[PDB]
Amino acid sequence: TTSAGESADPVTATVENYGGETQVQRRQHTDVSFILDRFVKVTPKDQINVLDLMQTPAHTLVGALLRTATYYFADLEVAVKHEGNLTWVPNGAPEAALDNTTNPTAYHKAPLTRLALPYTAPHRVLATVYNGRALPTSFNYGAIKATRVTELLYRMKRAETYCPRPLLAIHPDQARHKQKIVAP
Amino acid sequence: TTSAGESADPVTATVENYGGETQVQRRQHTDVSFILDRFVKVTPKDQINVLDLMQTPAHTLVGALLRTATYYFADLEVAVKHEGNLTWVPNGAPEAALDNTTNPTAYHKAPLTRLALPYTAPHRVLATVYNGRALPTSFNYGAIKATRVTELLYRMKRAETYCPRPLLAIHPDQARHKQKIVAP
Amino acid sequence: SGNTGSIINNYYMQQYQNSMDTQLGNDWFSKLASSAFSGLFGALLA
Amino acid sequence: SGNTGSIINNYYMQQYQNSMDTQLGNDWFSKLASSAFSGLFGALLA
Amino acid sequence: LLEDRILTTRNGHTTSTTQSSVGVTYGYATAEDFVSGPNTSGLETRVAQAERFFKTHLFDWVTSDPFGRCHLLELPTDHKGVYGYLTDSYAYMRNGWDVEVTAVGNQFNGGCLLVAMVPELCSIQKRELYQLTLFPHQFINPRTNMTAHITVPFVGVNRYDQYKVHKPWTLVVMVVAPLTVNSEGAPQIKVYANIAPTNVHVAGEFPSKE
Amino acid sequence: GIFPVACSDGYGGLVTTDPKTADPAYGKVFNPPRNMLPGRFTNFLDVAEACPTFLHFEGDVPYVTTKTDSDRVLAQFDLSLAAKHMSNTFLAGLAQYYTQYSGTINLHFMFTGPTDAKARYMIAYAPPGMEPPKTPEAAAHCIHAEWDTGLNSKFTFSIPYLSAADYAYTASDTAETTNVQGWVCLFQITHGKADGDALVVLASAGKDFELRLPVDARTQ
Amino acid sequence: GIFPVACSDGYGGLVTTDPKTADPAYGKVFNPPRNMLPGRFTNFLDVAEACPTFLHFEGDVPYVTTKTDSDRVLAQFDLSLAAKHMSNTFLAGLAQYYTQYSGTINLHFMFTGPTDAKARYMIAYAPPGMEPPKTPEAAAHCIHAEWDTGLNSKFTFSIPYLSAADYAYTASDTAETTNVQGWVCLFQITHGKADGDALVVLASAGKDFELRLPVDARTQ
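Residue numbers (the UniProt record's numbering), protein chains in the order written: chain G, 725 to 856, 881 to 932; chain Y, 725 to 856, 881 to 932; chain B, 216 to 240, 266 to 286; chain R, 216 to 240, 266 to 286; chain Z, 295 to 504; chain U, 505 to 724; chain H, 505 to 724.
For the record, the hints were derived by calculation from the structure and aren't laboratory data.
Using N, Cα and C, we set each Cβ at its ideal position, and we do this for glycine too.
Just to be clear, a hint being listed does not mean it is correct.
[As the list claims (entries may be wrong)] Derived DEER-like restraints, expressed as beta-carbon distance ranges: (1) H:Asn539 x U:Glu650: 48 to 54 Å; (2) U:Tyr530 x Y:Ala820: 44 to 50 Å; (3) R:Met235 x H:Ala668: 49 to 55 Å; (4) Y:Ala820 x U:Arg722: 52 to 58 Å; (5) H:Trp651 x Z:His373: 45 to 51 Å; (6) G:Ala931 x H:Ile647: 27 to 33 Å; (7) Y:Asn855 x U:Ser657: 31 to 37 Å.
Please put together the full structure from these sequences, using the hints given.
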C-alpha cells in the first residue's frame with residue numbers, strides 16, 4: 725500500500741494486499757478503562773501520604789499506562805493495611821485538616837481499608853506532566893493519615909486520559925530479549 | 725447596584741452589572757442538613773455521660789455549625805468504643821434510672837456501639853443558648893452509662909435549626925492567614 | 216438528611232429510625273434571600 | 216470502567232460511588273484511526 | 295510536475311503561501327473547549343486581531359547535525375507585537391498556534407526533519423524521541439515538500455490558560471535523517487518557522503506601567 | 505440449606521460519614537409540633553448571601569475616613585477568604601469548613617456623614633500577575649466603577665469570579681503570597697468637607713457564589 | 505427471626521481485580537466539565553494502530569543506507585515483539601503488558617535522498633523451520649513484494665499472522681531461539697547514485713491485530 729509519506733495522513737495497510745484474509749480481533753483487553761482498574765501498591769511513605777500518582781513506580785502496569793497519556797480523569801479506590809484510624813481529608817484542605825475524627829475518620833478492623841474516592845480537583849482535568881520533580885499542589889486526590897500506614901494501593905476508576913506519550917520497554921541486546929516464562 | 729442602605733432590605737448585586745455572566749452554582753455541600761450528619765467525637769467524660777451538645781468542641785464542624793443557629797431539632801446516632809454494657813436512659817428519667825438491664829442495656833461485641841437515638845425533649849424544640881455554663885436540665889438527649897466509655901460521638905440527624913448566629917474564624921494577622929495545605 | 220444513600224427502607228420500620236414529627240392545627269431565610277434586586281436607581285447608559 | 220461485574224446497583228446510590236461529571240453548554269484517536277486506506281496508487285494486476 | 299498541489303493560508307492580514315505543499319494535519323483536536331466557562335464569568339472577549347503570522351528562527355539543519363537535533367521553540371513565546379502586548383495586559387486567555395513551517399534547500403537533498411507540536415512537558419528522553427509520531431506532527435523531505443504545516447488546537451490544563459509563568463505548547467524538529475548536500479544539491483537548509491495564534495479570547499486585566 | 509455469603513474483608517468498618525444508617529431500638533415516638541416556626545433556614549450560603557456583614561479593619565473599626573492627601577487608597581488586600589477583614593465576617597466565618605469555592609462575593613458601601621459632606625470613591629479590581637495600584641489613574645485600567653454620595657446611600661458591587669481552574673482554595677500558604685485570585689483594591693477620588701467620614705463596607709454572597717468539599721480542622 | 509447466613513470461608517479476601525466495588529463515604533460531588541476535550545482515546549491498540557513509530561537500529565539511527573556490494577540484506581531479525589528495533593516502538597513499548605497476541609503488524613518505508621537517487625528495495629518474510637536468506641533470489645520464494653522509489657514516497661506492508669496456535673507469546677526464551685513466529689527479513693535489489701540514502705521503516709498495528717491477557721512485570 726504505497727502513498728505519500730511526508731503527509732503523515734494515517735495510511736495503513738493490511739493482509740488482503742498480497743493475499744490472505746483479515747480477522748475479527750477482540751481487543752477488549754487493550755481497553756484503556758479496563759486495564760487501569762486494578763490497584764497499584766505504592767509505598768505509603770510513613771503516615772501522612774498524599775494521593776499523588778507520580779509516586780507510583782513508573783514501571784508498573786497502572787503506572788506505566790498512566791505515564792503514557794498526558795491528560796486524564798478518574799476516581800479512586802484505595803487500600804490501607806495499617807494502624808490506628810485513617811482520617812482522609814479533601815483537596816486543598818490544610819495539611820493539618822487531616823486529624824479531626826469528625827473528618828472521614830475510619831475505624832480499624834481487619835486488616836486494610838477499602839473505600840471509594842472521588843476525583844476532587846478544582847481543575848476540570850489533571851495531568852502527570854505540567855509544564856507550568882516539579883508538578884502542582886492541586887494535583888492531589890485528597891490526602892490520608894492514620895498512625896502508621898503499611899500498604900498503599902490506588903485502584904484508579906472510570907479512567908479516561910486524553911492525548912498520548914512515548915511507550916518503550918526493556919532495552920534488549922540480542923534483538924530478542926530472553927526471560928523465563930511459565931513452563932510445565 | 726445602588727439603593728437605600730439605612731433600610732437594610734436585602735439589596736444584593738451580581739456580575740452582569742458592569743459586565744460578565746453569572747453561573748449555575750451547586751451548593752449541595754453548604755446544605756445545612758447535609759453538613760451536620762457526620763459524627764462528632766466529644767470526650768465521653770467517664771461513664772455517666774449526658775447527651776448534651778455544648779460539651780462538644782465549639783470549634784469542630786458539627787460543633788461550630790451547631791453553635792451558629794439558636795434553635796434546632798434533630799435526632800441522634802451515637803458511637804461508644806467502650807467496656808461493659810451501654811444502658812441508655814430517656815430524658816427526664818432519674819439519673820439512677822440508667823442501670824437496670826431491662827432498660828435499653830446493649831450487650832458488648834467489638835468494638836463500639838452504633839445505635840439510633842430519637843430526639844426526646846418535652847419541648848417542641850431545643851437550643852444551645854437559653855436566656856432563661882447555665883442551660884436547662886431538659887436539654888439532654890437521654891443519658892448513657894456502661895462501665896467505662898472511651899469514645900463519644902454524636903451523628904446528629906434529620907437536622908434543622910432556625911434563626912441565625914455569628915460566624916467568625918481564625919483571626920489571621922497578615923490580612924491572609926497562612927497554613928500548609930495538601931501538596932504533591 | 217445528610218448522608219443517607221441506602222437503596223432499601225433501611226430495614227427497620229418508619230416509626231423506628233427517627234421520632235415522628237407530629238403536626239399541629266429555607267422556610268424563611270430563603271424567603272428574604274430570593275428577593276434582592278440587581279437593578280439601578282437611575283438608568284444605565286453606553 | 217475496568218472490572219465492575221456486579222449484578223446490583225452496587226448498593227450505595229448513584230451520586231455516591233463516583234463524583235458526577237457536570238456537562239457544559266476513542267473520542268478523537270479513534271477518529272484518525274478509522275480512516276487508513278489499504279488501496280493502491282497505481283492499479284492491481286494479475 | 296505532479297498531481298499538482300498549492301495553497302495559501304490567511305490569518306488576519308498575514309498570508310503564507312507554498313507550492314511543495316503535501317497538505318497538513320491537525321491532531322488531538324480540531325475544535326476548542328467551550329471558552330465560555332465559569333471561571334471567566336462572562337468577563338471574556340474575542341480579540342481576533344492579533345490572530346496572525348510572526349517569524350522566529352529554528353536551528354540550521356547542517357550535514358553534520360546529528361540524528362536528534364530537534365531545536366525546540368516554546369509556544370507561547372516572546373511577541374514584539376500584538377499577542378504579546380495582550381499577554382502583558384492580561385492574565386487569563388487561550389488560543390491555538392497555526393504554525394506553517396518551511397525549510398528551504400531544493401528538490402535535490404537527502405534526509406528529513408521531524409516536525410511536531412506537543413503540549414505540557416518539561417524535557418524528553420532520547421529513547422522516547424522515537425515516538426513524536428504521537429502528537430500533532432509533520433514530516434519534511436525536499437523530494438516532495440519544502441513546507442510542513444500542522445495546525446494545533448487548545449489543550450491547556452484549563453479552559454483559560456495564563457502565560458506569564460506557563461507555556462503549554464512546545465515545537466520540536468528532530469533530525470530523523472541527516473542532510474546530504476550531494477553532487478548538485480543545495481549547500482544548507484535554514485529551518486524557518488511561521489506561526490500564528492488563533493481562536494483566542496481574553497479575560498482579566500491589570501493596572502498600568504505607571 | 506441457606507443462602508451462602510462472602511464475609512468480605514474491608515467492607516463495613518465504621519466511617520464518619522458512612523452512607524447507611526444505624527439501628528433504632530426504642531421507636532414509636534410522636535414528637536411535639538414544629539409548625540411554621542420562626543426564621544428557619546437550610547443552607548448557610550442562604551443566610552450568607554441573604555444577610556451580609558461589615559469588615560474588620562486596621563484598628564478594628566469597620567468604616568473608613570476620607571484621606572485628605574494624595575494617598576487615596578482607602579483599602580487594598582489579598583482577594584481570598586484569608587482576608588483578615590473577612591476572616592470573621594459571616595461568609596468568611598465559614599468558608600473555613602470548605603476547601604474550595606467559586607462564585608462571586610459582594611462589597612456594599614455606605615456613608616454616614618453630613619449632607620454638607622458630598623464625597624466620591626472608587627473600586628478597582630486587579631488580578632494575579634502584578635501588584636495592585638495606588639493611583640485610581642493607574643487603576644482605572646482594571647475592571648472598575650465610580651460613584652458619589654447622594655439620596656440613596658448604600659450600593660453593592662459584585663466582584664468577578666476569575667481563576668484558571670473553575671475553583672481554587674479558601675486556605676493559603678507562603679507560596680501563594682502571589683495569590684491565585686488577585687488583590688482587590690478600593691480607592692478615593694475627591695470630596696468636599698467630606699474628610700473623616702464613614703464609608704463602611706459589608707459582604708454577602710452574590711448569586712454566582714458556590715462552596716464545596718467539607719473540611720473540618722480546628723478553628724476558634 | 506432473621507435470615508440465616510453461611511459465613512462461607514474463602515469468599516471475599518481482597519483481590520487486585522475484584523469485580524465488585526468498594527464503599528463510598530463522601531458523595532454528592534458535582535465535578536467540572538469534560539466537554540469535547542482534545543485528542544482523547546480509549547484503547548491502546550487504537551493509537552498503536554493509529555500512529556506508527558520508527559525502529560531503533562544498529563547504531564541507533566532509524567533509517568538505513570544502500571549497500572553498494574553483493575551484501576544486500578538491509579535488515580533481518582526475530583519476528584516477535586522482543587525485536588530490539590521494536591522494543592521501544594509504540595506497539596512494542598506496550599505488548600510487554602500482554603502475555604499473548606495475534607493479528608498483523610505493519611512496516612512503512614520511506615526515502616529521503618535526491619531525485620537523482622532512483623532506488624529499489626525488497627521485503628521478504630520467511631517462517632519457523634529454516635534460517636532467513638541473504639539473497640533476494642533465494643528469498644523470492646517466501647511471501648514477498650518488490651517496489652521502487654517514485655513520486656509518492658511512503659509505503660506500508662502488512663506482514664501475515666502465521667502460527668500453529670491462533671496466538672503465541674510476546675516474551676521469549678533461550679529455547680525459542682528457533683522462534684515460534686519466524687524471522688522477517690528485508691533486502692536490497694539494485695539502485696542508482698542511490699547509495700547511502702535513508703529508507704526509514706516504522707510500525708503500526710494492522711487491522712487484523714489483537715492483544716490479550718494483562719501481565720504486569722517490572723519494565724523500564
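Now the hints, each set against the structure:
1. Between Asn539 of chain H and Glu650 of chain U, the C-beta spacing of about 39 Å breaks the proposed range 48 to 54 Å.
2. The hinted range of 44 to 50 Å is not satisfied by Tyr530 of chain U and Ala820 of chain Y, whose Cβ atoms lie roughly 19 Å apart.
3. Distance hint for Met235 of chain R and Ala668 of chain H: a CB-CB separation of about 50 Å, consistent with the stated range 49 to 55 Å.
4. Checking the proposed 52 to 58 Å range against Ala820 of chain Y and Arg722 of chain U shows it is violated: the Cβ atoms sit about 38 Å from each other.
5. For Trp651 of chain H paired with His373 of chain Z, a C-beta distance near 47 Å keeps the hint of 45 to 51 Å intact.
6. Between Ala931 of chain G and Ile647 of chain H the beta carbons are some 32 Å apart, a value that agrees with the proposed interval 27 to 33 Å.
7. A hinted range of 31 to 37 Å for the beta carbons of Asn855 of chain Y and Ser657 of chain U is consistent with their spacing of about 34 Å.
The earlier numbered hints that this structure contradicts are 1, 2 and 4.
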